[PDB]
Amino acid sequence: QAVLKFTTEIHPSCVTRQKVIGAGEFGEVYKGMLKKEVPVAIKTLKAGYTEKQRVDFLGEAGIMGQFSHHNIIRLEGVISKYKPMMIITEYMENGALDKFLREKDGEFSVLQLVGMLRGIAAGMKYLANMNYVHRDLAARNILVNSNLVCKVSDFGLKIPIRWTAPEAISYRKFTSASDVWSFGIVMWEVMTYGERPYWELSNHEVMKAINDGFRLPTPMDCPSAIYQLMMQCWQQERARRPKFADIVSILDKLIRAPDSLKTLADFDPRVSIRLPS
């Protein structure tokens, strides 16, 4: 019971499952309603789950209840006393950030995009300081609310190679510093409205390019300071990367002195259009 110390136990009569929207480790994820009524996402642990699955499922519920931060998905509660067991979270209206960006190409101001990134960074700083290494930080794992607030989540699946730091790929060293690398990729995803990192390079081509010193080029219309910051997230030497504390501080200062974002990094045009004279 102590694992659930930060969670609220929800009675099953409060929950209505409506539509399957995903899979858990041993069960489905549903959109549903929770009693006023509010929409929720509901992850179940169905009959037949193993001991390890139960420990991991209740452990997930417990840590999610512990997290209380504006930029982390909110746990409404847990059903642990009845079967199927359930983890119940808020339901974001705008869905996942990657799809959202791609469906809203060019619709936001630079300040709005940078504000998104500040929120993601604040959530990640909180996770890191709570001793939680995400390991799968990517725009697909971030939800967006109707105030444009980004909420770090984890929707499950092995290694998303092109979001993952070299040391995590090479020797399985996952830390908050490998999450910083991933955050740099997320910065690039946001500023490009959901372009796929490294385009059609294979996983092996990405790893070879990184090891040889190549890095993603600047997004179009990207503030110089923002490109500089994402580039420092991609230092090979893990110790040279900013901490999330540094990232949050820098993004907050840029937003609060917004003229700092008017200077743009040079975009390298991959195609040349010459209007004849």
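Residue numbers count along the first chain shown, from 1. Between two forms, the rigid core is defined as the largest C-alpha subset superposing within 1.5 Å. Compared with the form deposited in another entry:
Following superposition on the rigid core between the two forms, the residue from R54, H70, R238, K243 with a C-alpha displacement of 2 angstroms or more is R54, and no other. After superposition on the rigid core, displacement of the C-alpha of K19 between the two forms amounts to 2 Å or more.
The rigid-core alignment places the CA of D221 less than 2 Å apart between the two forms. With the core held fixed, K81 shows a CA shift of 2 Å or greater between the two forms.
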Given for the second form:
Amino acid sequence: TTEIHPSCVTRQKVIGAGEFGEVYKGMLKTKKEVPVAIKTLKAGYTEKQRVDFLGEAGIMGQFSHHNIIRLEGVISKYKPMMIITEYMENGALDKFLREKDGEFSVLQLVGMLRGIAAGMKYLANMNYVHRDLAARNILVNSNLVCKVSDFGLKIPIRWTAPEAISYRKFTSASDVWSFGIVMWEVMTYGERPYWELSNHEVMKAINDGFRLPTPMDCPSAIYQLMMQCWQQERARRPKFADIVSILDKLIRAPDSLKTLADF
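For comparison with the form deposited in one PDB entry, kindly provide the form deposited in another entry.
A single chain, with no partners or molecules, comes next.
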């Protein structure tokens, strides 16, 4: 990753709190000044936190893709240590959608999902199994591009594929199950999967052949595709590259989205 000089960064406002310290909006001067998010490492970090902190930047720095958060660079030689990324104005996806409930077209929602899916196709090609794909780990920018975020060395049962739970077998097909749950998150404008059901109920339903119900006004193709992501046998779930392609068909022929799922 790129080491950058404290002089080029200027923190402006706190916009959040992370595992290792507060996160700020700011300005990077690489000439020309550009908004950035800035993750700080609290003074008083342990060695373990230092390594986990810089490590995420390391993992992130191995990626270059439109729908993957871009590491601008780290600050590891001076204090506050920082991780500098592209600024995403609309913040986390689940929270954004909750604030803008019913305010997007079905095409804007599906395009958000194709962005995510694309990023997950990139990750899956790089052999990177995210393990924690969820709408809260997607960030969104002024133009509504959704980027997979949160790469890092805690994972809730109900975003997780049954085989990944019972045998702890995490693959890219595990992530595809999670992506179906994100689809339901996006199409319900940020509702919590399985509402207030307990982890126990949730696994009993899933193993009993029962799935999350169709979101209100959900296109039939979007609902069926999520049901394709929630097949008990992972080998039958679509791969991310199938998902991207199906969502592109749907976007290219938007009248496909006029027919809704029922019941």
